[PDB]
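Coming up is one lone chain in structure tokens, specifically the form deposited in one PDB entry.
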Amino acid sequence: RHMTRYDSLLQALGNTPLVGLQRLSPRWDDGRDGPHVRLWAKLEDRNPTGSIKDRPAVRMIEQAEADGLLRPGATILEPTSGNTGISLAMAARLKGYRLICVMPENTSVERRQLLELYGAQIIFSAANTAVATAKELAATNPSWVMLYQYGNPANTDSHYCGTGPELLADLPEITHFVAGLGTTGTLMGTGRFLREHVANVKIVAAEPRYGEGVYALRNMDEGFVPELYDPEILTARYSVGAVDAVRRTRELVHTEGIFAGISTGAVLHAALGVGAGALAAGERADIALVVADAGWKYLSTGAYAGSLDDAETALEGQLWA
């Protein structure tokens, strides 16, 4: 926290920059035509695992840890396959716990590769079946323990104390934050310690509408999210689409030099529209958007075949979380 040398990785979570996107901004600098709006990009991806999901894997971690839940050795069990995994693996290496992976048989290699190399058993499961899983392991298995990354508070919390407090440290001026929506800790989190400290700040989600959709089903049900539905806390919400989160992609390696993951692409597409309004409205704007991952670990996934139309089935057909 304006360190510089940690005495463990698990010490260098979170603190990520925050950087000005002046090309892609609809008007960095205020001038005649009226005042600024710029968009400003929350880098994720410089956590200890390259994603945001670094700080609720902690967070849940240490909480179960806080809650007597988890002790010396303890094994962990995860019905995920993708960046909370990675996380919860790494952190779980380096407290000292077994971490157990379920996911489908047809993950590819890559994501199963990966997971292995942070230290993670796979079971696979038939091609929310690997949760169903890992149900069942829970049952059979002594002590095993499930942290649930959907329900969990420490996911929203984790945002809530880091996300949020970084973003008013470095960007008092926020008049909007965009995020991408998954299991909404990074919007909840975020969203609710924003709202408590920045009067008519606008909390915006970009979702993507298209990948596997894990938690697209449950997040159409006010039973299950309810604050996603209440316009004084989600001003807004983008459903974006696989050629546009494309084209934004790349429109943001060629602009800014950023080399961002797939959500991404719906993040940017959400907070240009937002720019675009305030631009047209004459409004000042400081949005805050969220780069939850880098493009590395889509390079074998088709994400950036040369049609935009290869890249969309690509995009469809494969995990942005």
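Between two forms, the rigid core is the largest collection of C-alphas that superpose within 1.5 Å. Residue numbers count along the first chain shown, from 1. First, how it differs from the form deposited in another entry.
Summarising the superposition on the core between the two forms, the listed residues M103, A245, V204, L115 contain exactly one with a Cα shift of 2 Å or larger, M103. After superposing the rigid core, the C-alpha of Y229 moves by 2 Å or more between the two forms. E173 shows a C-alpha shift below 2 Å between the two forms [criterion: core-superposed Cα displacement of 2 Å]. With the core superposed, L147 shows a C-alpha displacement below 2 Å between the two forms.
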Contents of the next structure:
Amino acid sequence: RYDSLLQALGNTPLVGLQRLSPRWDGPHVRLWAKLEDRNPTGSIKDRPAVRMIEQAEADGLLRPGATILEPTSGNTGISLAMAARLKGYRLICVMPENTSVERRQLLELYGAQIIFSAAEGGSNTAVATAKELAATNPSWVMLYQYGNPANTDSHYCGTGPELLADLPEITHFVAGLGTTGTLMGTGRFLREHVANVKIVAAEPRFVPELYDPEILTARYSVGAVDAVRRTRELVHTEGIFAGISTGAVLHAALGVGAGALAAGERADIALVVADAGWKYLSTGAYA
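Alright, leaving the form deposited in one PDB entry aside, put up the form deposited in another entry.
Just this one chain is shown here; partners and other molecules are left out.
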């Protein structure tokens, strides 16, 4: 039991995918899904968002009633909006205008102000916009998820240890590459404990300051169509209603697994389910 929604975070389930795995029972090639939608606002960003705020509190950077400013494509904004309601802060998000309606509904419900940046240039445009706002009003506190080490540390101290506890036999960890915190933190932790572990990025077909290229074994770029087809496959075969990035991660993980199978090598491949499908229904991807 917990005294705050903020504490009911992490320790997410790992679920073996018996049907989707290239070979569940030569040696096995298993996929294991870590369900990060089992978190306060339904995404993995609850981990870095809460740690970034708490670290800024510890460092003296946030006084009561302060205004937080953050560029986001939705999930981090939502997690910060939740935490800001519990902690008494205001939030201004800069978010690209071509994002799902569910994201803006959630943000408005939590009381965040949203500046909708131009679609052209996507995240780079949102980040440049947020930096421009930060410079016009220095009292606003930008935690800066793309450069804040508390993002990586949330995974070094949370995601990674939980994976190793649940799956000591892990051979590969597969996740999306956005802020890079998930892969940097989880991957640094796993490399310290697991001889020979492979860390694999999925990215959509600037460089965050958190990024350390030497943590990755490989980077796969995934198209939206393949991400949609795999997201659909995951819900049809395993019942997990995931967001689109999960489909891209699964595409990569299934590539890794097909390689292991063809080589006669045992693999236990952990993959992140970073959020659920709820915020993506309006896209038509699940029709």
